[PDB]
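Enquirer: In case you want the letters, here they are:
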Amino acid sequence: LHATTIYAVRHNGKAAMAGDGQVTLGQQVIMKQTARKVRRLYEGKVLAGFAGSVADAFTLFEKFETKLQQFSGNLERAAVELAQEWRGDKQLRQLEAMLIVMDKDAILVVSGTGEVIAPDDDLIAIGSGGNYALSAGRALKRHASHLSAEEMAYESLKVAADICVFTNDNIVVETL
Amino acid sequence: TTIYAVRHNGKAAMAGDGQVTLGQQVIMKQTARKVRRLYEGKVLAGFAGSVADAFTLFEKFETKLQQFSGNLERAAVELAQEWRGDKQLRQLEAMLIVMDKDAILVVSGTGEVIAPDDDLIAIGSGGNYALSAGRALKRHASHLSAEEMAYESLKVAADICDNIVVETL
Amino acid sequence: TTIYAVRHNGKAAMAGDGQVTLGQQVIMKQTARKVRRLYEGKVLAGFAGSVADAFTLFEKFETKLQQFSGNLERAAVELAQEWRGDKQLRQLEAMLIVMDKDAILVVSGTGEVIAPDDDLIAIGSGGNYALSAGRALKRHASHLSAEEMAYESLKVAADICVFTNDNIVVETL
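Protein chains in written order, with my numbering: chain Y, 1302 to 1477; chain D, 19 to 187; chain G, 26 to 198.
Hints may be right or wrong, so weigh each one.
Straight-line C-alpha distance at most 20 Å; calculated SDA-like pairs for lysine to any residue [what the hints assert, rightly or not]:
no.: 1; chain 1: D; residue 1: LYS29; chain 2: D; residue 2: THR39
no.: 2; chain 1: Y; residue 1: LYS1364; chain 2: D; residue 2: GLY103
no.: 3; chain 1: D; residue 1: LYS47; chain 2: D; residue 2: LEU187
no.: 4; chain 1: D; residue 1: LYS156; chain 2: Y; residue 2: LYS1459
no.: 5; chain 1: Y; residue 1: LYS1391; chain 2: D; residue 2: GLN106
no.: 6; chain 1: Y; residue 1: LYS1459; chain 2: G; residue 2: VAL51
no.: 7; chain 1: Y; residue 1: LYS1364; chain 2: Y; residue 2: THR1335
Listed below are several chain G residues computed to face chain D (Cβ distance under 7 Å; list not exhaustive) [unchecked claim]:
no.: 8; residue: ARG160
no.: 9; residue: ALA161
no.: 10; residue: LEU162
no.: 11; residue: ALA166
Don't read these hints as lab results, they were simulated from the structure.
The C-beta atom is built at its ideal place from N, Cα and C for all residues, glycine as well.
Hey, can you work out the whole structure from these sequences and the hints?
Expert: Pasting the structure below:
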């Protein structure tokens, strides 16, 4: 199962999170080409991304939004509380997929092992072509800083689309 | 077996290979295999796997529809959660189509809920062939009805991979 | 790649995608051309195999077309026996679709020359996807030309098959 590719980056006082739309089951059959797995939370102030199952993304998004309300949009505090509740859930603890959360000032990666990580260079990618978009993003962040955060999000996913068969160019960028 | 569903021009239809069954009315009725009406006849569901697992998933999805007041997406997500969490059901590779007057969704044991791009999906052995025929008809033969698209798509899939029953919602 | 040939209303067309992955899932070519016109644009040829072996088969079939001066059936038969005969081309299991004004033929390295049933034939991974869309268009959208049918049939296959892209080249007769 491949449920789209998501790339997040904070750059030049702005924040963007983009994703393609290809959903592929197995190794050969495409089921959707215009999916949108990027979800806005907390009155449009928080962008969250999960390239896993819809059943798991629904439980995690509902619990992260719940924790965001408890701590009044505190991204860091709500992420570490969701992480231990993630690890506490014995159905969600088996999940190897990671969860990206970000507001205006921070990007965080949340794991089922309870780990909360701020990624190096303020960018991270998930999904089938995530490691490809992550590589393009590190290059653009270091050698093409003239691009905006939104341009970096689209261009890195565009590179992943031209290389990965499980990633298309139906890219939608969400900006805070 | 193959199952095809499509929403087109305010009408919904789901088709599959046919059979003659006796129901509560004890009168011969030509139905579609592994295709059942649920939620007081307001939704149509189809499963490509076993007939026993089909009715197992049909009963679970109807209770979910009753829990969440007929919200197709909410009940589909909850069914996918209970699907991936069941011992015997999560091993199944066959997918389930759920469909009402407003949307079509495909639920899988992996925990996924997919809304097809153009209100059009097919499952089963010749599913991708009927999907290819349906996508061509949806774009170039939009004059056909939802029931006609269902019958014609399954006919093309049979010619490559006659007793076709189409259920109109 | 995925090649799709269609004869419709006295017109002939052949379409092919251009994605090349070389056995992995990494795309290194997106605009490959595996559908060429031979015999001064009188016949169309499509190879589903490698880009280099396609050039060898296109040239050999081009020569056989000259030596028989346009007889597709004889040129394809003599190509199949020369294909099966040569040491380095005999093991290629990818098929070659050749097509002139009147007929479609499928040449194989086994020495076999197949005359397909209907005027619709496809080869490659997403061949059955384009064939499914082709029979749908040929039955409910016959107003489309053979060129439009070839492109639209491959477009449907590109959106469903992972290893078939939408960079489609279409050649007509």
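Enquirer: If a hint holds in the structure, say so; if it doesn't, say that too.
Expert: Now for the hints, and whether the structure bears them out:
1. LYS29(D) with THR39(D): violated (25 Å)
2. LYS1364(Y) with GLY103(D): holds (18 Å)
3. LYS47(D) with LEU187(D): This hinted pair holds, its Cα atoms lying about 16 Å apart.
4. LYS156(D) with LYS1459(Y): violated (29 Å)
5. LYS1391(Y) with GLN106(D): holds (18 Å)
6. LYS1459(Y) with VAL51(G): The given pair, whose Cα atoms are some 14 Å apart, holds under the 20 Å limit.
7. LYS1364(Y) with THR1335(Y): violated (26 Å)
8. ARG160: holds (5 Å)
9. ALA161: Holds, about 4 Å.
10. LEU162: Holds, because the Cβ-Cβ distance from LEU162(G) to chain D comes to roughly 5 Å (cut-off 7 Å).
11. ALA166: holds (4 Å)
Figure legend: structure checked against the earlier numbered hints; hints not met, in rising order: 1, 4 and 7.
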